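In case you want the letters, here they are:
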Amino acid sequence: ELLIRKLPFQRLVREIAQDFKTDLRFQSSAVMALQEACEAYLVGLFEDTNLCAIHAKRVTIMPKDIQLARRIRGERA
Amino acid sequence: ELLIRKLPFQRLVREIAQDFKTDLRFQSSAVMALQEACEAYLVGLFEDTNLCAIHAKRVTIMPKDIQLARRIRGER
Amino acid sequence: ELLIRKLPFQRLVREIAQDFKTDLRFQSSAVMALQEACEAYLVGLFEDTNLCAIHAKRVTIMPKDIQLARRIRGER
Amino acid sequence: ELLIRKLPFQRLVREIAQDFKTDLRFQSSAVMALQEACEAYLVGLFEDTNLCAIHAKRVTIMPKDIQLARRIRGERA
Amino acid sequence: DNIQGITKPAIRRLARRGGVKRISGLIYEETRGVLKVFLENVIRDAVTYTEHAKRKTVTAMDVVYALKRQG
Amino acid sequence: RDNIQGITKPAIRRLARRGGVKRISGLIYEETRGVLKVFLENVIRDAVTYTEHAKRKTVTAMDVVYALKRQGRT
Amino acid sequence: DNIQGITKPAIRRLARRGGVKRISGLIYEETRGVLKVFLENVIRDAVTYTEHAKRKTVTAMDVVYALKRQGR
Amino acid sequence: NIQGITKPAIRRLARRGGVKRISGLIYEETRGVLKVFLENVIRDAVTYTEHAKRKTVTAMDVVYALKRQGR
DNA sequence: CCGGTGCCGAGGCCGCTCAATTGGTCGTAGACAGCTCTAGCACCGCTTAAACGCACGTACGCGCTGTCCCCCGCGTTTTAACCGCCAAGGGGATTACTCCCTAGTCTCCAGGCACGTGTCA
DNA sequence: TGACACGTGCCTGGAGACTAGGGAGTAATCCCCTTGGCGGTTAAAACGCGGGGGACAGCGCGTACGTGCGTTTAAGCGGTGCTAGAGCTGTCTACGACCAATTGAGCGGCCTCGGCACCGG
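Protein chains in written order, with the numbering used here: chain A, 4 to 80; chain B, 161 to 236; chain C, 161 to 236; chain D, 4 to 80; chain E, 23 to 93; chain F, -4 to 69; chain G, 91 to 162; chain H, 179 to 249.
Check the hints yourself; a few may be wrong.
[What the hints assert, rightly or not] Restricting the straight-line Cα-Cα distance to at most 30 Å, the calculated cross-link-like pairs of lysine-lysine (BS3-like) are: (1) E:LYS30 with C:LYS224; (2) H:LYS213 with H:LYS233; (3) H:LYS245 with A:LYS67; (4) C:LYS181 with C:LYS166; (5) G:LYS144 with F:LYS50; (6) H:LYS231 with A:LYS9; (7) F:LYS50 with B:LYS166; (8) B:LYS181 with B:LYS166; (9) E:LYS78 with C:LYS181; (10) C:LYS181 with E:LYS43; (11) H:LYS231 with D:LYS24; (12) D:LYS24 with H:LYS245; (13) F:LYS32 with G:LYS158; (14) A:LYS9 with H:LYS245; (15) G:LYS158 with B:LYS181; (16) A:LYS67 with H:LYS231; (17) B:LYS166 with E:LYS90; (18) E:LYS58 with C:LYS181; (19) B:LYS224 with H:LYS198; (20) A:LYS60 with F:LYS17; (21) F:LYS32 with F:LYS17.
Since the hints were made in silico from the structure, they are not lab data.
Put together the whole structure using the sequences plus the hints.
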């Protein structure tokens, strides 16, 4: 499908977890669940950012549009 | 203090209730609670619409701003 | 906006209404309201029929697809 | 008669209830009510999935049939 | 006949907006029947509401209430 | 007239001023009223459901709080 | 877990009653997920009613209100 | 690391999201946003793991964790 | 008291999208009059926040009654799982069809709007 | 009694309908590996009965407590009219920035093996 490549994603996941905590075990079916959720989240965020961009009489989406989406959703940003 | 009057708000609430179920009596602390929640909701909606307006090159709020805010909020 | 011409729709609506009741008049904003609702209903139904068609090997939508969509919606 | 056993159904119901609030006790007519409603829902869903399968010039049901039925009915899928 | 005023290209345009790429010839008669049924049902309810209120003028609110109560 | 007209224009303007809005199109007010009306209807519908469960004829403050609590707060 | 108590022959029996003649192996997991979601939603509402009445035993009326308030 | 989320991958996600034109600075911005998201989710997941003390994260545990993070 | 799985780490041939590069086209930043509509000020108004009098329906708490849900003993008992033999079938490929989207030409009517006439709460 | 609603009428430019057209999706057909269905069987979860026991649902009843209509007023907030003045915007010039297209490659993935960690049967 349109999923991100497994091994670089896994390496990032293991790297970040190593910074959060040490020696934790993470299984394969756990990472695919996280990846489906992450890509769904990012695709939806890009949908809303695009809607904000089109609202602004533009065709190209900007970083500030993303920041607005995160501000209106109530997320700490 | 509350920025919306009491008696017209109460009348509206009672009118709507009359359609869902007839012969209902409210309570004072119940209507004030409902009114505080409603006014808080509108103030918040007005903040985001204003934020959407400021985002745009315009300076005044427009109907499309309210509609944009509610779709992105996930309410409509 | 609207995707169906105003005057023929109005003529059709008044004709059908005449069989329910005699000597009735309709407001303009009432007819415009009915058209927005009608077009939204048909577009949504056409969305679902297409989804049913895509589910099948044929990309093209068929009359039997609409009847399945209406049956599954619980209308008939 | 009921097509699903009471006790495995009851155990599942209690497990889900246990996460909202502990120490809750259930009533017999409450579990039987939930079971009649649940089986009626599934039997109807099985009718609709089957109708979608037969529509597709097939003989058996597929996972895509369930997902299609829920989208056209109006559930989130 | 007033049902024929809902032209084939109008229904096609609605269908295009619905995302369909190819359209069978038999859809049009089917669509017309469905539309007629819908209109009949809604208007039947609308007039019912009007009569209950002992009024002679169908109002915008009558239609809105009819539409709401018909899902 | 209608009860919806009892939420006057200066009240909505005052709410908007507190919300930081400096200029308001004339069509905002009617638009705001529609949104508000929908919200109130939805909340009260739930409130009455709670009232019926308690076999009471008086809607209490607790009924309203639970209705508000259940509907998604964001 | 207790979700595994909804055994394969029980789901098959429900499908037979629903008019199903042949059933893919993947149906069972799909059916279980749908069923679990349904149960969660209803019970969540049911317990809410129970808590409002300040009782500790879920009553038949709690379930009926939950079912009513969950449209098809 | 964060650089494994390549520019063409983010572009593909945006294409699926309906975006026609993409500013060059979005990509670095998107990466930062993603990192924050991942950190938060994993923090909760490990918390659940420690409460169970199984020390092996169950796949079902993560799905519930992911669900509650979203809502 | 040992174990089976699952991840960790490494080695390896292939293999294809990515970073780099150049060529290129269009979109947004600022303005400025054209045109618009909104807050401010002044007049006039009306209705509600209060406020006890009056009558009162009932929400809530305490006590009595029963009642049924939990836990265990139990036993027999009935059906769910695993595996092999059997046969039904979903799908990709091949071949033939027909009709539906493009496009041009002919035809046709919806609306501003202007006027006149009519009506019901 | 008055402002909205219905029936006629002019004229054009945008919209509807028919025909010539052809190719691509649709439909019938066959192999074939894949995969549910039936059967044999045995053992492990279940249903009903009763001790047995008490937290708790439901009913009866007393009380005061806020619910609601009613009456006075009055002044502060709301509607209406005129106005000076701030605000939305299309294309003007033009500037850069992503989109298109080509290549070597290095990490992504598959096939295989040695080895450790640990709650559990």
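Hints, one by one, checked against the model:
no.: 1; hint: E:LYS30 with C:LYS224; verdict: holds, 19 Å
no.: 2; hint: H:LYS213 with H:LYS233; verdict: holds, 24 Å
no.: 3; hint: H:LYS245 with A:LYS67; verdict: holds, 28 Å
no.: 4; hint: C:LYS181 with C:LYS166; verdict: holds, 22 Å
no.: 5; hint: G:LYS144 with F:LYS50; verdict: holds, 14 Å
no.: 6; hint: H:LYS231 with A:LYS9; verdict: holds, 28 Å
no.: 7; hint: F:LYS50 with B:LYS166; verdict: holds, 28 Å
no.: 8; hint: B:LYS181 with B:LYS166; verdict: holds, 22 Å
no.: 9; hint: E:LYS78 with C:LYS181; verdict: holds, 10 Å
no.: 10; hint: C:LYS181 with E:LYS43; verdict: violated, 41 Å
no.: 11; hint: H:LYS231 with D:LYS24; verdict: holds, 22 Å
no.: 12; hint: D:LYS24 with H:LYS245; verdict: holds, 19 Å
no.: 13; hint: F:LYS32 with G:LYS158; verdict: holds, 24 Å
no.: 14; hint: A:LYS9 with H:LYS245; verdict: holds, 22 Å
no.: 15; hint: G:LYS158 with B:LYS181; verdict: holds, 17 Å
no.: 16; hint: A:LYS67 with H:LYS231; verdict: violated, 42 Å
no.: 17; hint: B:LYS166 with E:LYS90; verdict: holds, 29 Å
no.: 18; hint: E:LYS58 with C:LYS181; verdict: holds, 17 Å
no.: 19; hint: B:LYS224 with H:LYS198; verdict: holds, 22 Å
no.: 20; hint: A:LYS60 with F:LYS17; verdict: holds, 22 Å
no.: 21; hint: F:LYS32 with F:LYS17; verdict: holds, 24 Å
When each numbered hint is compared with the structure, violations occur for hints 10, 16.
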